[PDB]
Structures are given as C-alpha cells and as structure tokens.
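Work out the full structure: start from the sequences and follow the hints.
Chain residues, written in single-letter form:
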Amino acid sequence: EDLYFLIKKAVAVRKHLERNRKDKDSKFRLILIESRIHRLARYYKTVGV
Amino acid sequence: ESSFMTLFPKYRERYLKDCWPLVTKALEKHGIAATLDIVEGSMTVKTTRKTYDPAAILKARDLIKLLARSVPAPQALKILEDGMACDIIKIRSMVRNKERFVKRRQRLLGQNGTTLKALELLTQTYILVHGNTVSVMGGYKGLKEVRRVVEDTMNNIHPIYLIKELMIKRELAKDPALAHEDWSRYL
Amino acid sequence: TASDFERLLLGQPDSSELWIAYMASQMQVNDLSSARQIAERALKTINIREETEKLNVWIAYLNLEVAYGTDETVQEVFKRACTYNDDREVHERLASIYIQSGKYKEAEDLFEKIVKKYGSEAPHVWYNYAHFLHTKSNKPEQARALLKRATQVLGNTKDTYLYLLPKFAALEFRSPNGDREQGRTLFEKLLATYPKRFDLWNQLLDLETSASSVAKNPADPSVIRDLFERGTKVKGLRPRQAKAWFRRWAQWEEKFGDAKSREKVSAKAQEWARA
Amino acid sequence: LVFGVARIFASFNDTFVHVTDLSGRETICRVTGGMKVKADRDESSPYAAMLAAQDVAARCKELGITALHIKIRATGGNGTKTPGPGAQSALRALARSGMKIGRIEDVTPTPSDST
RNA sequence: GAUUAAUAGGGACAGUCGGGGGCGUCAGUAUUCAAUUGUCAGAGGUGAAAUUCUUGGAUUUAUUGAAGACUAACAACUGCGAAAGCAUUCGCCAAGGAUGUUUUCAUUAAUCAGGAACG
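Residue numbers (the deposited numbering), protein chains in the order written: chain Ch, 86 to 134; chain CP, 36 to 222; chain Cz, 1494 to 1768; chain Ci, 25 to 139.
Worth double-checking, as some hints may not be accurate.
[As the list claims (entries may be wrong)] Below, simulated EDC-like cross-link-like pairs (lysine to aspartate or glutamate); rule was C-alpha separation at most 20 Å, straight line:
| hint | chain 1 | residue 1 | chain 2 | residue 2 |
| --- | --- | --- | --- | --- |
| 1 | CP | 125 | Ci | 137 |
| 2 | Cz | 1537 | Ch | 103 |
| 3 | Ci | 105 | Ci | 129 |
| 4 | Ch | 112 | Cz | 1543 |
| 5 | Cz | 1609 | Cz | 1580 |
| 6 | Cz | 1598 | Cz | 1585 |
| 7 | Ch | 100 | Cz | 1543 |
| 8 | CP | 179 | CP | 97 |
| 9 | Cz | 1610 | Cz | 1580 |
| 10 | Cz | 1641 | Cz | 1602 |
| 11 | Cz | 1629 | Cz | 1599 |
| 12 | Cz | 1641 | Cz | 1605 |
| 13 | Ch | 107 | Cz | 1582 |
| 14 | Cz | 1609 | Cz | 1585 |
| 15 | CP | 81 | CP | 36 |
| 16 | Cz | 1572 | Ch | 103 |
| 17 | Ch | 112 | Cz | 1544 |
| 18 | Ch | 107 | Cz | 1579 |
| 19 | Ci | 124 | CP | 88 |
| 20 | CP | 100 | Ci | 129 |
| 21 | Ci | 105 | CP | 117 |
| 22 | Ch | 109 | Cz | 1543 |
Rather than coming from a laboratory, the hints here were simulated on the basis of the structure.
Here you go:
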C-alpha cells in the first residue's frame, strides 16, 4: 500500500538520522515525510481503515 | 629557442585574427616570431637568435597572458615599455558570499565608471575587470596602490573614501616641505 | 535464567544495562558467540533514539572482544562502532579500554592515530596522551614534546592554547613524574604571555595551594607566599578580585596555622584597600 | 660550455640576484640592492639591479661559467606573482654583460589554497 | 452492489541527474614552525620612514619532518539544495528533481490564525 511504502521510507530515514543525528537537512526530510504520514493516515482513517 | 604558450577562447579567436598583424609587427620589431594556431587556439612566441633584447621574451609571455585574459591588444603591446607591468587580483575567493561579491564588484564599478576613470587618472594605470579577476597595469607604485584599493573595496571600504585618501596623498606628495613624516593625521 | 531474561527484555527492550547483564551472564556461561548474538540483537531491538544505551552495548562489545576475542574482530567492531557512532568517542573508549586491560603498547599506537585524526579540534585527546605518559609509560619529556606537537596542531584560539597549556601544567602538578616544577614552568610562561588573566592566576594559586608535590602530597608555603605577593603586585586587579585573592591568602594561612602571616594578609589587605 | 643557475627574487621593494650551482645547493654568489645603492626607497631600482647584475656577472666570469639558466619568481604565496623592474633590468644587464642563455624559465610558488 | 480516470493527486519501478547532505578516505599546493647545509651584510617596511631580525648568519638556495588552512587556472547571462549555502579523488549512507511506464487507494485537494525545524 501507499501508506505502507511511506512508513517504510519513514523508518529508513529515521535509521539514517540516528546513524548520524547531526544531519539536519535529512532531519528536515524526516519531518516532511512525517507530516505526509500524519495527513494520509488521517485521510485513510476517515474511510474506515 | 625558448618558448612560452597558453590558450585563448573561441570568442577571443576573431579578436586575435583581425587584431594580430600589429602584435606580430611589434614583435618582429623586437625580433621575435609568433604565429596563431586556430584549430587549437594557442599563441606561440618563439625567440629567434637575432633578439637583441633579453627582456622581450618575458614581455612576450606577459603579452600572451594578457591576450588570453582578453586585455586590449595594444595596451598589451604597451607592456613593451619599461615601467609597465601587469597584475591580476582574484576576488571570488576573497568574497565568500555570491550576491555580496556581485554587489561589491559593481560598487567597485560605480556609477558609469567615473570612479574607474578617477582611479586610473590618479594612479596612471589601466583597469580591466574580468569578473572573478581584475587586470591592472602601470608603474609599480601604481600597481601596489591599486592592489590596495581593490582589496579595500572588497573589504567594503568605499572607493570615494579611497579617492579621498589618494588625492590627499597626491597633494601631500607634491608639496616638498612635508617630505617625510607620518601623515595619518590628514587621512 | 534465559527465560527470566527474555521476560525482562520483553518488559524493557531499551534497557541496555539488562542487555549487558544478559550477555554478561552468557560470558559467564561462556557461549561467547551467543553473547555476540545478544549484543547484536541489542543493537537491533533497542529503541532507536537512545544513544547512551546503544553506546553502552558498544562499549560492552569492545570489552568482550578485547577480553575473549581476537585482533581481527576488535578491529572489525572498531570499524562498525565508528560508522554507527561518534568516531572520536569510540576511539577514546577503546583508549580507556586498552588502558584498563594493560595492553599499553597497542594503546600507544591507538593514541598516536587518534592524535593524528582528531587532534585538529580536540584538546582532551592530547590531555589523555599526556595523562598516559605521566602515568604508566613514564615519558614526561615525550609528553612535553607532544605539547610542542599540540601547539603545532591546534589553532591559536584561546580555548585551544590557553586550555591545553594549563591542562598540561595541571597534569604536571598532579603526577609526580610530571614534575610540578614543569607545571610551574608552564604556568610561568602562561602568565608571561598573558599577564592580564586573573582566572589563570587564580587557577595557579589553586593548584599551588592544593597538593602540588605528589611524591609526598603537601603544598609549598614559601612559594605560595611568593606567588600571592606577585599576584598582589601585578596590574589590573578589580577590587572584587583583589578582595577574593586576599581572602584566599588569608584562608590558606589559616589552613597553614601561621597567625603572623595571617595578620600580614590582613595588613596587606588594608594597605591595599587604602588607595 | 658550463651551465649555471641564477635565481632572482625580485619583489617590489627589494631584489636578490643569487647564483647557485646547477643542483641549486651551493650558493655561488649573492648580491642585493643594499650591497647595491642601499637607499631604502631606491632599494628596488633598475639601476640598483644593473649594479647587482654587473657585480655577479664580473664574479661569475671571474670563476668562469660563461652561461646561465635563470630562475624567476616573486612573492608567490599571497602577494603579487609578477616580477619587478629589478628582474627585467637585471636580466637585460646580464645578457648585455655578455654570457649566453639557454632556456628561460620562471617558476613562482603559486598556491591552490590561499583563502 | 464499485462513474468520468483529473490537462490537481501521492506512491511503485527503471535508466538517469545533481560543485544537495552527512561520515570516512585520497591527493594538491601555499603559509607557519623546526632541522640540515651553501650562506654572508644587510634584510624589512614605506609614498618616505621607524619598529624588528641581523657574524650564533637574518633575507636567501635546496631537501625533508610537523602543523593548520583552502581547493586556484577549468568557474559559467550555468548546475544542486526551500534558505543560509554548495567546488580535490574515492567509498558508504539515506534522501531529492526530471523523464518514461503496458502502475496502483480515487478525494485524498489549495490557503494560512495557533505552533514548530533550520540562520
């Protein structure tokens, strides 16, 4: 599923961020993809999932 | 035989072709040969045996580097005089900010080049601004002074302050009674 | 047992102390590859953010391999510890580990390679090198040669210069083979090159009124009285710092017990306050 | 035909004529503008260069080298990379003082690093 | 029981693109320090000067050692990153743009009060 691929990329980016936590542009990539997680998770929780 | 060479670009090629006979004329006058390669774009200057002047080959290497940097051609032939000497000041690594470098280079340029004309009249030089580099000329004292001026206008001291200091320099140098002390109280 | 251990790892999967207790129990029962598996699964299943927990498992793995492993696996886990954690930190921990384990020669080689790599910006690594040589290896001349290399490697920023030289001087004051006379050498040159730093004067007074002669653990009251006099005689003292230095002199003469000198501190304080 | 190495360090305020061996290790002779005119303003002058050049030319002809290969540099670290009036006048006066040149080579210590 | 498949979505895959980021690695010079020699009277600054170093040898010539710094000439009416910004080689790690597809849930969309990350 699309949300499943998004949370896959989310945990991959989180793994790289904890590999080097002083990578703040990739931290910004992480907060962007987390905002996308929140939005699509709510919008596909409204339907019943 | 002792050879110097460099490479000119493909917008300067037409310049060098329609502008070459005077370069090779003055250099035959100094007894040195030179030709123009077009399929590669190199100017090759070759000292002959009839070269009575030994400085003419170093002056010719300075010629070929100014014509590679697209300095005007018989200004570069005016380098064949005694007190003339070229110099280049890179400023793209002196200024670390892109837009501040652009603003400082056009602050150097000034309104309609009036500050450029004032500098070259005050220091008896020629100034060319080739973007990241600046081509300067003149007597060696003038060379030191214009290197000082370009580093201050890159360190954001204004050329109107520098022309103030240079005209005060000029007047306090031409009067003879004040010949040697520290004149920083006037500047 | 393993079942209770799996229960507590189900209860607290983050808990690296119970992780190293688990692999510690497995290094007691001597299945060392199983202990390797425990620490690997620790690095996998501990919650990701907890850097102190993961580096605790890292340090435990380094101790495990320098104890029961071999040179090849200590270098390999050294490498992966670098690529997963802070490089200078894991080098410092392997330095301390070799210090505890007594492998002082390969310790020295790692000290060399860390002072080549991270000697550009870290003063504590040169401090630990000098600490090693004023401890076990007994090379104080080589340590001050390292100090020359240190003022070579670092910038001339105030933290680097004026904090590596007093740290070295303090190490000389705290190690008897380091020669508190070399400590006074460094501090005399420091007060020469900057006579305006009353915090450095105060720190010199601290280490001189502290246990300076480590071979028998006293302070030295003659040169203490001398340096208190010179500190009263240098220029730049604000009245608060002057009162603080007079209080420090008075309290040192109270620990000494010389009431004549205590009275002299009070008389010096009043004749200085008269201004 | 003996060859030599004359290295020039012609800054804008001083000028060093300095002949060394072909290896560049044994300094044969060295003359400056203070051994010349020694005027702290005229310390870099084409005339002072002429004086230094005839001095070293007379000495290198006293020791019989008859030829050179000149090495040219300037303040190549951060200052200007061009040589000076001392350099041009000195080489002119040298090859007017008589010896023959082989190849000419100017090597200035350029940086890839400056700031 | 379930529409056009949107000339708005997000994704997947493949070839790519990037002086984008982080970590390490590889060089390159120039400067400073130190040494070794050849030194052998100034050097050094200036518009003139002065300070200063200078028979234990300055400045120089050459070879090394150590250090920090930055990546010149290619360098742009360019390229990448939202910005500040980004220029040696190589490697690793995620990410991002465009292209194309015989790829899918079919409103998920757009805007910013409050607030939050990077300078």
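How the hints compare with the structure:
For a cut-off of 20 Å, the pair hint linking residue 125 of chain CP to residue 137 of chain Ci stands: about 13 Å separates their Cα positions. With a C-alpha separation of about 13 Å, the suggested pairing of residue 1537 of chain Cz with residue 103 of chain Ch holds against the 20 Å cut-off. With a C-alpha separation of about 14 Å, the suggested pair residue 105 of chain Ci and residue 129 of chain Ci falls inside the 20 Å cut-off, and the hint holds. For the hint linking residue 112 of chain Ch to residue 1543 of chain Cz, the alpha-carbon distance of about 17 Å falls within 20 Å, and the restraint holds.
With a C-alpha separation of about 13 Å, the suggested pair residue 1609 of chain Cz and residue 1580 of chain Cz falls inside the 20 Å cut-off, and the hint holds. Between residue 1598 of chain Cz and residue 1585 of chain Cz, the direct Cα distance comes to roughly 16 Å. Compliance with the 20 Å bound is thereby established for this hinted pair. In summary, the hint linking residue 100 of chain Ch to residue 1543 of chain Cz is supported, as the alpha carbons are separated by about 12 Å, within the 20 Å threshold. As the CA atoms of residue 179 of chain CP and residue 97 of chain CP are separated by approximately 18 Å, the hinted pair is consistent with the 20 Å bound.
A threshold of 20 Å between alpha carbons decides the hint, and for residue 1610 of chain Cz with residue 1580 of chain Cz the separation of about 10 Å falls inside it, so the pair holds. Of the supplied pair hints, the one linking residue 1641 of chain Cz and residue 1602 of chain Cz holds, its CA atoms being roughly 19 Å apart against a limit of 20 Å. Straight-line distance between C-alpha atoms of residue 1629 of chain Cz and residue 1599 of chain Cz comes to about 14 Å, which keeps the hinted pair within the 20 Å bound. Taking the CA atoms of residue 1641 of chain Cz and residue 1605 of chain Cz, the gap is about 15 Å. The hint holds against a cut of 20 Å.
Between residue 107 of chain Ch and residue 1582 of chain Cz the CA atoms are separated by roughly 15 Å; this keeps the pair inside 20 Å, and the hint holds. Proximity of residue 1609 of chain Cz to residue 1585 of chain Cz is assessed by CA-CA distance (about 13 Å); at most 20 Å being required, the pair is judged to hold. With a C-alpha separation of about 6 Å, the suggested pairing of residue 81 of chain CP with residue 36 of chain CP holds against the 20 Å cut-off. Restraint check for residue 1572 of chain Cz and residue 103 of chain Ch: satisfied, since their Cα atoms lie roughly 17 Å apart, inside the 20 Å limit.
Simply put, residue 112 of chain Ch and residue 1544 of chain Cz have alpha-carbon atoms about 16 Å apart, close enough for the 20 Å limit, and the pair holds. Taking the CA atoms of residue 107 of chain Ch and residue 1579 of chain Cz, the gap is about 11 Å. The hint holds against a cut of 20 Å. Pair hint residue 124 of chain Ci plus residue 88 of chain CP holds up; C-alpha atoms about 12 Å apart against a cutoff of 20 Å. Taking the CA atoms of residue 100 of chain CP and residue 129 of chain Ci, the gap is near 15 Å; set against the 20 Å cutoff, the hint holds.
Taken as a hint, the residue 105 of chain Ci and residue 117 of chain CP pair is honoured in the structure, with Cα atoms around 18 Å apart against an allowance of 20 Å. At most 20 Å may separate the alpha-carbon atoms for a hinted pair to count; residue 109 of chain Ch and residue 1543 of chain Cz meet this at roughly 18 Å.
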